[PDB]
Structures are given as C-alpha cells and as structure tokens.
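For reference, the chain that follows is the form solved without this ligand, supplied as structure tokens.
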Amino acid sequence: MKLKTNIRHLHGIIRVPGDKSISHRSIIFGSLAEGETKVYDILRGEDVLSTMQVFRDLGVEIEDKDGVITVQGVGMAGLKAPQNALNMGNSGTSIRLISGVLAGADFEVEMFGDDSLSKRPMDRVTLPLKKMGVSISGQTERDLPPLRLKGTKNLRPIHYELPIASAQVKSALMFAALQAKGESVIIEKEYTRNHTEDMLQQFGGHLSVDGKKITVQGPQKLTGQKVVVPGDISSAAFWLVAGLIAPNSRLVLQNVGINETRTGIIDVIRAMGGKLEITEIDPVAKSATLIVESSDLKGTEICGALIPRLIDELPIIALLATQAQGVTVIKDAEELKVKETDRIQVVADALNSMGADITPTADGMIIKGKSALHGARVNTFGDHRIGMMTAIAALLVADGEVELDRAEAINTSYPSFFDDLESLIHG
C-alpha cells in the first residue's frame, strides 16, 4: 500500500489499546477477589480471551458485554474442577500464571495450548511449585505442554531465588504464596514487570518489598475493584514519537500506562529535550495523560539498566534519533535472538534507505544527525513494529513515495492504527 506523505499538521485526542499484562491480571485478580469486579478498556486479543474462558471453565461467572467485563468473585479457595482440559492457546502468560493460581486446588487439571505454546518449557515454574507441595509434570524433563496439575490444601510457603529474569515465573509464585500458609519470600534476579505487585495493592492485598526481595504473607483475602486498564505504552510510543517529529503538531493521549519497568521511552524523550507533558496521574493503576508537541531533538546515550525498560520500543527510538541533532548511541542490547540480532538490522535497512545514517552494532546501533527522509520500498517481514514505524516515517517524506508491503501484520496489536492516524491528519 501507498502510505500518506507530506503532512502539514497533526492534531487530536487518542486512546490507545489496553496493556496485555494488566488485562491478564484483571481477570485473575477479579476471580480470586470477593465481590464484583468491572474491567474497562480491556485488550481484546485471543490471549486475554483464553484466560477468560479458562476461569469460566473453573466456575467463575465472567460477562463479556459491550466492551465491559463483569467478573463475579469466587474467593481465594473457590475455584472448582473443570469438565475438560483447559485451553490456553498461544498465551505463555495464561499457562504460567494460572498454574500458580491452581496451587491450592483440591482437584486434577490438564493445561494445553497450540504448537507455539507446546514448544516452550515450563520447568522454571514447576520446580518451585513442587517445593511448595504441588504435583505438576509435562512432556520430557523440561516439562512441555500439555501439563497435569494436582494441588494441595496444605500448601507450604516458599523461599526461592529465581535463576531467570522472568515476570511470569515471579507472578506465578506470588499467586501461590497468596494461598500458602505462612511467610514466603520471592527474590528476583533482575528488575522485571511489577504489574502483579500493583494489582495486589489495588485489590486490598499487602506486601513489603526489599529491593528485589518480595515478601508476601498468606492466606490473603481480596476485594472486587473498578478496573480501568491503562493503555499500552508500546502502542502509544508510535504517537509520542510522531508528535515530536511532525511539523506544527500537538497530540494528546488519555490515560497511558506509566509503570516504571516499561517507561524507557519517556526517559529517552526527556533526555533528548522533547516537550513531553504529563498530567492527570492515576497512582493506583499507574496511568497518566501524555501530551506531546513538535520539538527540536538532540543525541543521547541509551545504555545499561535503561535497555530492559525500552526493549520493545527500539524501532521507533531509532526513528526518533533520526531527526535528532548529533549522535545517539544504543549499547548493552543483544537479545534480539538471545545473543543475536535481526530486529536492529531490519530497522537499519528500512530507515537508511529513506534517510541518512544508521549503523548497526554487535550490542546495538548508532544513529547520526537530522535526516531528510525520502520515498522508498519497505517490507515488514511479518513484524508489526516495523510497519507502524515506516507509516509515521512516511509523513515526513515530501518528494518520493513510501510503499509498504505486508501491511496486514500491523493488525496484530493495533487494528485501528490507520483509523487513528487518519483522524490526526485532518484534526
């Protein structure tokens, strides 16, 4: 498709799709709490839909009506035995988190997914749960789906040190410690997603936290809450970058996620000298109104500790760095394939074909000077982030024409991306 080129102004008010991690936890916490839980602006994906059906098979009343999710709480020990095997689908979050939720369940369950889910090991979650007294086993020694679980009413508290930097393993143990009798400590290897810690304080739970060390008492009773799911910063960052980049522009984003472990993009904009406004902060759900206008940017250093907070935002950061005056260096980033990378190279090949300098590195990339972008042919290769990055880069092109092949991949996380951009140009 031929993308929109030569844009004079960008104005309007946008509300981005909800966060995936919070959308998953809203169903889990809503079911385990006592009373009614109402979820607003949930992420309407198949992975969140899988978790909703899993709890529905366990006996939890969940109503999906007109974009509003109404959950009737059963209690901390109110889940019932399902009629058949639980389908988790493609969600790695669903299979891992609920495994810790069913730790205090006095019945046998079966958890399965698709081919993509069945290839992923679950041994990192079964090891600590076995020490608590839960009988779990899968295929081979690395415990591949499907898994067979049998919990216990006499759950033991856990003192575990996590060998891997995973939030899904960390959250699974927290849901299990919420049912266990006594004091349980969970130690992180590195600072990761803390959405479970935020939602626990929301539903009436209690924790201490001692710099990586998470102490949780049990058993705990929770109360149903009014949940407004914060917008995904990953989806919002595409508009935050475009607002600073497009001439004579100002964009407002209502209630965008503001969690510390995912706000790496804000730290970049602030350092570059971008006019980013933060208003209307929601402290209980971690969300704030983000306003951005046209600004002159400067080159900054993005390295250690900052990387895990912006690892998903790397493609558009390079586009933001492309219009910045000076040199911006990204280092300490090699995880595009465990210790390889192809994401940076695709970002490079797509952007330097449009405008000036981008040089790939073994641990990141180097971007240099303000570039005047022109028309080029770009293929996404099944990536949603590349397509959205090229779409907002096309607005700067005044001469040539930007053609995007495989533009259907954008609908993976942002179905109304082109509909939102259309309202901003004419706004």
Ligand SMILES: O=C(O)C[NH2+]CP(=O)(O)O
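Numbering follows the first chain given and starts at 1. What changes on going to the form solved in complex with this ligand:
Among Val216, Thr390, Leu314, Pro230, only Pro230 lies at the hinge, the spot where C-alphas switch from fitting one rigid part better to fitting the other between the two forms. Between the two rigid parts, the smaller one rotates 28° against the larger between the two forms, as C-alpha superposition shows.
Other form of same protein, the form solved in complex with this ligand, not the form solved without this ligand:
A lone chain is what you will see next.
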C-alpha cells in the first residue's frame, strides 16, 4: 500500500485500542474462572481474536455482543479437547501462555501458527513445563511450532529461575502453577510486565511477590469479573513518537495504560528531551492522557532493566532515535531477534533503506541521529510494528514515496491504525 508522506502537521485526540497483553489475559482468566466474565474495550486485533477462538475450540462460550465480550467460565479443570488443531495465528502470547493453561489438560493437542510464528522458539516454555510433567515438543531442539502438548492430572509444582526476561514464560508457568498441587516459585531474571500478577488477584487468586521471586500456591479457584481494558501504551507509542518528530504537531492520547512495567518509552522520551505532558491520571486503573509536541531530541543509552519495560517499543524508538542529534545505543536487547521478525535486522534494514545510519549489533543497534528520510519499499514480513513504524517514518519523507507491502500485518494489534492516522492529518 502507498503510505502518506511529507506531512506538515499532526493535531488531534486519539483513543488507542485496548492493551493486547491485558486483553489476552482477560480471555484466559475469564475461561479459567468459575462464573461469568465481561470484558469491555477489549482489543479486537487478530492476536486477541486468535486467543478467543482457541478457547471456544476448547469448549468455552465466548460471546461478542454490542461491543462487550462475555465469557462463561469452565472452572480451572474445565477445558475440553478441541475438534481440530488450535490455530495460534501470529500470536506468540497466545501459544506461550496457553501452553501453560493446558498444562493440566488430560489429552493431547496440536498448536500451529503462521509463517512468522512458526520461526519462533518455544523451548523457553517447553523446558520448564516438562519439569511439571507436561509432554511438549516442537520442531528441532528450539521447539518451533507446530507444537504437540499433552497435559497431566498429576502436575508437579514448578521451581524455576527464568534465564531470560520474558513475561510470557513467567505467565505460562503461573497458569500451570494454578493447576498443580503444591507450592510453585517463579523467579524473574529482570522485572517484566506484571499483568498476570495483577489480574490473578483481580480474579480472586493469590500469590506472594518478594522482589523477583513469585510464589504461587496451587490449585486455586478463580471467580469471573468485570474487566475494563485500558488503552495500550505500545499502540500509543506510535503517536508519542510521531508527535515528537513531525513538524508543527501536538497529539493527545487519552486512556493509555500507565503500568510502571510498561512505561519504558516514557523514560526514553524524557532522557532524549522530548516535550511530554502527563495528565488526567487515574491511580486505580493506572491510565492517563499523554500529550506530545514537536521537539528537538538528543541521543541516549537504552539498556539493562529498561529493556523489558519497552521491548515492543524498540522499533518505533529506533525511528525516534534517527531524528535525535547524536548517537543512541540500544543493548541487552537480544530478545528482539526472536519476535514476529528479527527486529534488529528488519528494523535496521527498513530504516536504513529510508535515510539510514543504523548499525545492527548482536544485542541491539547503534543509531547516529538526525537523518532526513527518503522513499523506499518496506515489507512487513508479517510484523505489525514494522508496518506502523514505517508509516510514521513515511510522514517525514519530504520528497519521494513509500510502499508498504503486507500492510495487513498491522491488524494483529491495531486494526484502526490508518483511521487514527487519517484523523490527525486534518486538525
């Protein structure tokens, strides 16, 4: 598709769609709890839809009526064998978290994904899961999808120290622990998004958090809840950047989740000297309105501890860095290579084809800033963030064109992206 270029101004209010991580979990917790669960303002991107259909395939009734999602919980030991293999689509969150969900399934199921998902390692989740008594295997020693999983009625509690800063592995193990008899202890390597921890408590469950050590007693019974999903910061991130780098711009992003384990981009924007104002803070829902204005930025260093707080924002931040004076280093971000695409190589190639000056490294990239961008053709390779990153970049192309192939990839997390972009070009 042809992307809009040489924008002269961006003004407007935007209510980004729901948080992907929380939406995924709302369905999982909704299915595992006893009673009814209603989810409001859920993200309807393809990844969340894949999660919902997976559970419907497992016998869970999930109705989407008049903008409200209603789930009829099945217990905690209530999922049933699916008629066909479970289609995880492009969702790594779905396959990894659900692998832990099915840890107690007394049947064998197959889980597959698209071309993108099929190249991603599941060993990080199969290894600990097998310690609990779950039988799981994929292709090659890295257990690439498709996977075959057979749970057990005799799940043993898990004692595992994560070797990587992954919230998905932590969450998969927590769902499994909820089904096992005994005390499980999960130790994070670095603090990662704590959405599973928050929601377990919201659905009546219990856990102990002592620093990076998470203790979960099993088995537990949960209760259906009313879940209101906040705007996804990862989605708002595209506009936070666009508002900072485009000329004569001021964007206001309302109802954006502000959980401390997800606000890495805010610290980066500050370090770089961007004009950011945070107002209308809701201390209970952890949401706020974020306002950005055209700014002159300076490069910064992005590493340790901060990575898991902005892991998904690195693609847009790289663009942000291309517009700052000086160098910006991103390291300790080896996890980028294993996402929907190798986001170190693809991001580097995409932006370099547009004005460049990004040097990819083994654990990240080094960007030398203040590049005037120009036209280019970019393929999404099935990664929604590459697409949206390129769209925002295109706005800065003064003269030339930008073709984005496989742009539908964006629908996995932000279907209404272009509608929002269009609403900002006139204001």
